[PDB]
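A.B. asks: Chains B, C, D and E: place on chain A using the hints.
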Amino acid sequence: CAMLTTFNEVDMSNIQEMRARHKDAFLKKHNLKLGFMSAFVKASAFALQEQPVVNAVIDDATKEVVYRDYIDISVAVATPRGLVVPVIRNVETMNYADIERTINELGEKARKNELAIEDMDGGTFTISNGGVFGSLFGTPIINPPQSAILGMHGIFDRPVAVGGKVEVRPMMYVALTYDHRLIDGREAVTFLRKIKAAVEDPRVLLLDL
Amino acid sequence: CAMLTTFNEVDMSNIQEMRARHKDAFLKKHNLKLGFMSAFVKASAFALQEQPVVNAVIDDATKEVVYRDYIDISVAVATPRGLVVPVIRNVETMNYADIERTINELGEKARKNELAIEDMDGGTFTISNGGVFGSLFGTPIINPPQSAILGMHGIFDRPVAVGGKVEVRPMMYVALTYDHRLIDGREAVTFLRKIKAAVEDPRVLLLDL
Amino acid sequence: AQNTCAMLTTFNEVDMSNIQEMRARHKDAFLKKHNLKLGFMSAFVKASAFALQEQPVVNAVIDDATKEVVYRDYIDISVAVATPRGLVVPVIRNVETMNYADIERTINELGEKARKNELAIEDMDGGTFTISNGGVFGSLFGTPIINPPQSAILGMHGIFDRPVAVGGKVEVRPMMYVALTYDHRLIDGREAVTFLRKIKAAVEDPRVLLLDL
Amino acid sequence: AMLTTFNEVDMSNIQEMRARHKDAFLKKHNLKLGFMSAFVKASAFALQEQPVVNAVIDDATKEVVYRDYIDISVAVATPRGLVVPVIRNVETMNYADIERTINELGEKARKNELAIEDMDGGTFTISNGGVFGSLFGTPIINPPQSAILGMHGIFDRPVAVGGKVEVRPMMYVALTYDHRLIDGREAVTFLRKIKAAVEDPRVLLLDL
Amino acid sequence: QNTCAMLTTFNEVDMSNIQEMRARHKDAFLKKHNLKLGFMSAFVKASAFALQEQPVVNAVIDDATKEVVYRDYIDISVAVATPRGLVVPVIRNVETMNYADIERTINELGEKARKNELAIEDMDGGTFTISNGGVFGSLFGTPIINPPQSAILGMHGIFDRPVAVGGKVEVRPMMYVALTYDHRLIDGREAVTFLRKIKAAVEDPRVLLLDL
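Protein chains in written order, with UniProt numbering: chain A, 246 to 454; chain B, 246 to 454; chain C, 242 to 454; chain D, 247 to 454; chain E, 243 to 454.
If we strip away everything but chain A, and leave its shape as in the complex, we get:
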């Protein structure tokens, strides 16, 4: 076991304003609640596209890097009974209108206990959300056999310096645990920073920066 964790801060204001502006029409059309988790899942998929090493795995049996091209992100909808990780498959071709549908169905499966065995294995990324309980920032545990996991924590209003001026903005601490045997610090730090950039400004997803 070798878990290396890097933290970073994500400005939550842009996506909250987008939700407040577009929640009504989105709920009217797709019958879904607009949430901040779809933005994070899409950003994770995008950053995984840019940096495929985070998507790979090293087989301890043969000591060789095993690259994966398909992107599957497992979300944590952990039931009061215990921790459960439903898997979203092929997230690289979904928008914000999707993902929300998929997480809703997977949560429904978890509540009604149709979460079969195959729905929690074969994931390439994990987006465990411990912020629904108000955690400031903590270090999650790498889910085997995956090589990374992104931890989303609670949103709180803290003063942040913007252009030399103190402003109160809603900010999220985000964690990323990686195995240094495969991912070096440069790669994981860049990956987390790029996730932060994609969540902070959703237009880069359209610009492909």
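Some clues are possibly wrong.
To be verified - Simulated pairs of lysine to any residue, SDA-like, Cα-Cα distance not exceeding 20 Å: (1) C:410 <-> B:408; (2) A:439 <-> E:400; (3) B:439 <-> B:281.
Keep in mind the hints are simulated off the structure, nothing from the lab.
C.D. replies: Coordinates of chains B, C, D and E only, in the frame set by chain A:
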């Protein structure tokens, strides 16, 4: 022939913001510059996706409405010898970066004039960027065999009303000339409204309203 | 359309301060008295009737078979309804008598009939003037399609808050563009411009209808 | 095994108490008031709320042993090194008794006359790393317990309370817990309960 | 994090003085000594004078089967880490106690170009006491490192961010950095780690306790 025209106005404040913040990154990553045209092409593609009637064309030989799953926008490119209307195919599977790259390669082909006819046929929707030459608004001419075209114009700073206040915002007119036989009043204005919405904030495209 | 016939659509802006403020401070009594609704449809229809009375040429239709102008007298405003199955255009006859309330009653009746798909072919055609609505779907302005054999059509669009200079100072006022697609073969530029300006004057200040100006 | 999660506590009520009740303690109990007792009692309240954090995995026979007694193993600094005495049955003591036990353990520790029966049997550890001046960090779980709450320095830091920026005495609180017994949500709610109890001592009275 | 007793403790460092130092003296170094002022020359020095008092960090756990007796080394040698594209190596300064800030940067920079051209001899990487993880590349918040064995302790490089802070009970936005230090619990006490964390962050904002 039987062409009707309807108008609206688009506020390019988010497009201006995203071209004020994401030019250095776009140039460093793609060796290419960012422009207004990609936003309008993507907005037209999204509107045609969510309203397949305008995407369809009535063939005069058999008087049949013909639907097409694919979308290919006939963007006009400026050349010293004469205006040309090439076609960029499958607009539904590309982001702003891909639109910019195909428009740049099309322009660099047109400058030295190696454009074959294979890149000029098969049009579904035409956009004429008349903003290079200062134009307030006016009725554009369609390029058949397609049904309706969207005519862009120049972007001028004009005073508008946002919450009762008067501020100067970069705002331009849009005209959608449509074949009145197939498209009636409601879709001819809803199409333009959706284009307006997707250009005012690109986050609608990502959120898929 | 464009080349098929003579459109020559003319445009004007109509402020909605008077009508909107009136309905804002007159709607409860109307709901307690007739019980339907209160809208600007009745105001625009009656203003069109007034302007059509003042300018009888726009009421007259041409007869291409004989090249004879037919000076129709009864005002037959044919309004449009944005039904789920596209759009339908019923008709209202003898508009001059109704003031605001009877036009509103006929509008409500015809809308309920169209929603129920009971609009008979009788009260569907034969109008002398048409009014379209591209206002429910907010459109800044557009070119209306002339409904034949009628000779003109009103194409009012949505109402937007825009900064408008009144007395040298910029103040935000509820504006809206209105279009008129006439027939240049019969109506000149002067007549169509005067028509649009008279409708603008009769909607900007409804007391003109009482004053007959 | 070891895994940690962090949070922050606004230490405004405790400093106000120490400001308004230091002389009353000095002249009624002959001991010095401190913010140790607030955290010990908050930890006791959280342990009583969640018995899972008070449990232990026995590697001898792979069993989950529950303990009814609550014992916080406070850390006492000595020149010879680091000695950790265990204060017993914390449920039945208020701030005064916690302070008395801490003073007694300090007096007995400085004299090198703390016996082996006073080291063992602990069920929860608290490591005050703030006497040296740390911002935050990771504590280690001393065997055979299951969690440790480490405190850090109390630093005046600007916080957005009510939408305005003000300088307030805040410290970072972290607990390191094993994942084989305590889940992530349990640890987060445990730390938040400690935060609530220290931030508002009247919660301990209201039992919520 | 388990590995071998790999806890971590965190702190912050004030870098208003150093950038104030560098905003006035950059031209002098370029003229007299032809090299540029960086950050590591302050952190590599702050660590070195933090080790000359408490040499338990210089101690390593060696002999047969590891834990037998301390091995105190009277020499200080800091292993700064520099990034290539060919995997980050850790270059190392020898007998660096007796040499000042400039000799720390001349040694660093010319030795940086010494590995930009792959002119490397393995004799220049012997197992010395201590590594200072040089992470001044990628603008992020708080890392955990992995004490580059056999080294016993480890330093971080975190990044300067404009952060609102309370200076003298007043809010004064300054651009700040965080730091951690990853200590092997075995024969390295928790309390002594905070003291060296503080002083490696005290000799940094007030550069003149190096003279005291």
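A.B. asks: Does each hint hold? Answer for all of them.
C.D. replies: Hints versus structure:
no. : hint            : verdict
1   : C:410 <-> B:408 : holds (18 Å)
2   : A:439 <-> E:400 : holds (17 Å)
3   : B:439 <-> B:281 : holds (17 Å)
Comparing the model with each earlier hint shows no violations; every hint is respected.
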